[PDB]
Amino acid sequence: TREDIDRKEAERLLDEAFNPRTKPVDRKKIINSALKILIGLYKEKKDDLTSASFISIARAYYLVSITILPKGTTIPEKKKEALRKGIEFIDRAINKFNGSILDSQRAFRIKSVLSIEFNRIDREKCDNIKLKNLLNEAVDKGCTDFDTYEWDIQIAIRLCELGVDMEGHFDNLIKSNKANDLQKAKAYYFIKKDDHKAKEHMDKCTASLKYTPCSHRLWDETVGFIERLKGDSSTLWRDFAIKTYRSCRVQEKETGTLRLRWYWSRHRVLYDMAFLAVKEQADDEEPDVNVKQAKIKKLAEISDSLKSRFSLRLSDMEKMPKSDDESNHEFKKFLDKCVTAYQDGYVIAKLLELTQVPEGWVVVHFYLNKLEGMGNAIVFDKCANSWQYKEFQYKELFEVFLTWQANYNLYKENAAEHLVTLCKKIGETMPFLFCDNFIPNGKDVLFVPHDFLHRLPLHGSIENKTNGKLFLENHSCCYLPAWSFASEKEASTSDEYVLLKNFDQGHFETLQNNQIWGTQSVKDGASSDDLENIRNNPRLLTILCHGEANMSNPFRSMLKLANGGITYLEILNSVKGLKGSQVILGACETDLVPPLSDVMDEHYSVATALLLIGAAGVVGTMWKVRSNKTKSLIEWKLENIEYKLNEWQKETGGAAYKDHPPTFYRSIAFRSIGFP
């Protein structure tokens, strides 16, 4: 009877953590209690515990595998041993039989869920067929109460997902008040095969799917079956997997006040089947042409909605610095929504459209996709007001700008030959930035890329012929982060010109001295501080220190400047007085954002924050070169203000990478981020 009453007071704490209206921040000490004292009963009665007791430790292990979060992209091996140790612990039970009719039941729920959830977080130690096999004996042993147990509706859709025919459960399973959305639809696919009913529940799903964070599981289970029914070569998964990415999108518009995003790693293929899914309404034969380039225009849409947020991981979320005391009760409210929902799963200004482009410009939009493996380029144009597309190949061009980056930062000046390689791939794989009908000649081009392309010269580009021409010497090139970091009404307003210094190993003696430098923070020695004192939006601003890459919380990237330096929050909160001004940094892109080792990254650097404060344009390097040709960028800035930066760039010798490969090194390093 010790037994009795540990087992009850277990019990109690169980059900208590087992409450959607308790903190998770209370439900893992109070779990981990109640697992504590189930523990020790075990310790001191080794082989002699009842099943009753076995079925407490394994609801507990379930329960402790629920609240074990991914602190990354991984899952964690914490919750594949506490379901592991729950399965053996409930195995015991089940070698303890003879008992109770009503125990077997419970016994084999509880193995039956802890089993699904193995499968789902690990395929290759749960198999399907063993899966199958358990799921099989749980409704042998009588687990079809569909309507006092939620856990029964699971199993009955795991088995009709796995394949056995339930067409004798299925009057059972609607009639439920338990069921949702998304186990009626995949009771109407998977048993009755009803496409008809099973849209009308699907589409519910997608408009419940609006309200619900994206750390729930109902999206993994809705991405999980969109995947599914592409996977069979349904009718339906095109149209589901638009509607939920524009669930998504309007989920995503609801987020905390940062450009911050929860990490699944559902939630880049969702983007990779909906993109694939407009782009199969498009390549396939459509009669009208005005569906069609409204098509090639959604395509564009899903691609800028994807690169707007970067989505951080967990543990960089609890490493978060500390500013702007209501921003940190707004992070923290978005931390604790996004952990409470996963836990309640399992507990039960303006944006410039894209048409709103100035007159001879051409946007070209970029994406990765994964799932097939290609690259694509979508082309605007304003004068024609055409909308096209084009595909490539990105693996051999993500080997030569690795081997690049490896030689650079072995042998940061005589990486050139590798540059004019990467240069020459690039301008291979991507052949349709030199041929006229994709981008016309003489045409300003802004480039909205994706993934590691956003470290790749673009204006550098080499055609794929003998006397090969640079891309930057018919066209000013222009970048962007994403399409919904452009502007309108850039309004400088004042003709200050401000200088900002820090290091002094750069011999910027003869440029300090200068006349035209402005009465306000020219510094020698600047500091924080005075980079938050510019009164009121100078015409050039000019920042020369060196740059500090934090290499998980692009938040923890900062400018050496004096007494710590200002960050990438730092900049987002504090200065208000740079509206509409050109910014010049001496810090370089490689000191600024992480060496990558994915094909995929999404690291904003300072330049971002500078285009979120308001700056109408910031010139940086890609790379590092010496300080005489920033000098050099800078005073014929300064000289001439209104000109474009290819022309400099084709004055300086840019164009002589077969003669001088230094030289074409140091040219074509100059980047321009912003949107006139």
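Residue numbers count along the first chain shown, from 1. Take the two forms, find the largest set of C-alpha atoms that superpose within 1.5 Å, and that set is the rigid core. First, how it differs from the form deposited in another entry.
Considering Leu596, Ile121, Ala341, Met374, one residue stands apart with a C-alpha shift of at least 2 Å between the two forms following superposition on the core, and it is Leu596. Here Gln520 counts as shifted, since its C-alpha moves by at least 2 Å between the two forms after the core is aligned. Relative to the superposed core, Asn441 undergoes a Cα shift smaller than 2 Å between the two forms. Comparing the forms between the two forms on their rigid core, the Cα displacement of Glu413 stays under 2 Å.
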The other form holds:
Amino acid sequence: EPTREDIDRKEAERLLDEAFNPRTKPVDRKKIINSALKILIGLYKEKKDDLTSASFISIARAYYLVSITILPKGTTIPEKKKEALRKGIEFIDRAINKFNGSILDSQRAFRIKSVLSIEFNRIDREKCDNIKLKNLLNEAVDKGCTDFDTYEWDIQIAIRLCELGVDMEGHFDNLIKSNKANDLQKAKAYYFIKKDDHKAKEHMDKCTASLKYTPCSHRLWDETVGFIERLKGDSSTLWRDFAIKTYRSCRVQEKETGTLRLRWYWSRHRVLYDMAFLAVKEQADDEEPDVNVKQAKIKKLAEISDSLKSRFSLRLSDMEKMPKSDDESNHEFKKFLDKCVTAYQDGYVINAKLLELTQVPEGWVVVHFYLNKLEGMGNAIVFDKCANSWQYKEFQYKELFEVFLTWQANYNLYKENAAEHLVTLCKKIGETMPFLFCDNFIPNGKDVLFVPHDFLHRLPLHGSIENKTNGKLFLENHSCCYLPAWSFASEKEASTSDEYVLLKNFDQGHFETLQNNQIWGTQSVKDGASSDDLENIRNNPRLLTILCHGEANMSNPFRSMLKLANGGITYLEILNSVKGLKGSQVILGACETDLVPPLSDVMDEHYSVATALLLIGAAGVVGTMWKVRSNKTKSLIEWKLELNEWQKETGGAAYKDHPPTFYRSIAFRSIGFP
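For the form deposited in another entry instead of the form deposited in one PDB entry, what are the coordinates?
Partners and other molecules have been left off, which leaves just the chain.
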């Protein structure tokens, strides 16, 4: 004899089951949950205390599913997810307090409460402490949370209890024989219940292998990295190989997609890469008579550093982004975002040529930088092609970061007058990285390439001053060319024309001599140029000069733009529209770098518009790091013979007497690799 309440609860449960189908799209799932939760709330409006227990269970389930359908907008857990979990916890608390007496209903209520609580602890430790969660999980397993062959949530409860140091010895066989148990869950059971390192390792190898085909937004990635963190905290020997295997899986997954070089942010990618780097470094610190294995380990370290340094950031920028525009560009973003969101929701719903690191021309030495937060100290990996050897050195970046922040704060107020802080920063770089001035680390007279890590991208590594009473400038001995990542390097096989192009949209009163009195004549130059003029370059020249102070987006690197006419050309529009710059030297003078990227906070995955020019095939970008008076970049452009040789004699080695002269000479760096 069903009633209106029972039939409405049945309809809500049917809607919840439909939204619990893994084949359901994330966009339709939200509407389905809204309908079911609206029905359930409507029933609760009339039965605040007389509501049946099962309706409360349905409400708690719907709130759990709401919480799992809310994605983190940025780098922090949204408060809406916490609020949804808290509301579900309160509803299930009212379910439990109203003792219906049914054993099955009590078991289901405790299962839902435990699932809500483990997720709430996962995203918020303070409000759902470990002790409270352990007590609740013990109560749930006392209530009958033992069937692992039908409910995956019960397996989750058992694994969470294993993580909390609670004896799950009795249920181990049932957990292992269960068909719904995950590979990672079985590995955790083996490591925690039986402490069988061999079985756990050989069975989690399967999980690491299977992670290749799952997007980084999936839950299994976060859980795997958390398991690695726990293993490292327990000083277990299994974490060293596990980190490397998961890193390899991440490389395989990342390389599959991302034609525009963007990745998904999940807040444990950096931790995973740091653990992989630390594991490979520790494996490289063993006593082996053969040096080939050590060289391979250091090359693996450089591979780890390089694989991290070629992708992008959080999702609110992905949602906002830009309209249709290019059909090829927007399709990739749509596919990537859709697959990532779908994988994220499915995790909880049941269920050109890339040059190798050793492909460096003779007489060139490259330096790879990596800073891992878990170790808290920096790494510098150098590769000398002539000696065909790899070695790495350590340094600390905390005081270096503080000095860089001091210089950045002073510059953003007293740009030209902050040269003393720039000299202090250069001296700090030289002091904290003495290996740059070591003959063994970097041979004298070698052309040095830098692949800086996050906030080292903002440091004038070419302008570092040796830690001596008469310390020599690093620029005086080596030719430095920078690069965001080694994967951005290409081969100069493009055909170079004979023309020079001098675009300009800078404010009137500057560069007047260059435009009217063209020193090199110019062919397709312009004054007050727009994005169309840049897009209309057909034959790739030996020199394209762009003179327009650009702008930055503090969140999306794709929206950093050069302020040309008709709205200016953005970072993404360069990739899609611009085609005629294959192998073209660029003296982009967009009023310093600092205009195009944001201001750093020891995280600088943001890439300037110069790397877009590198991607579209430019042979090199000679930009400016900090704002300088216009005649300096005008003289650089007028330097038409075909960089450190110019800076060496222009006054770049005069930090002792005239810091302002040092300020506006070191500001120029060459981005790109011949």
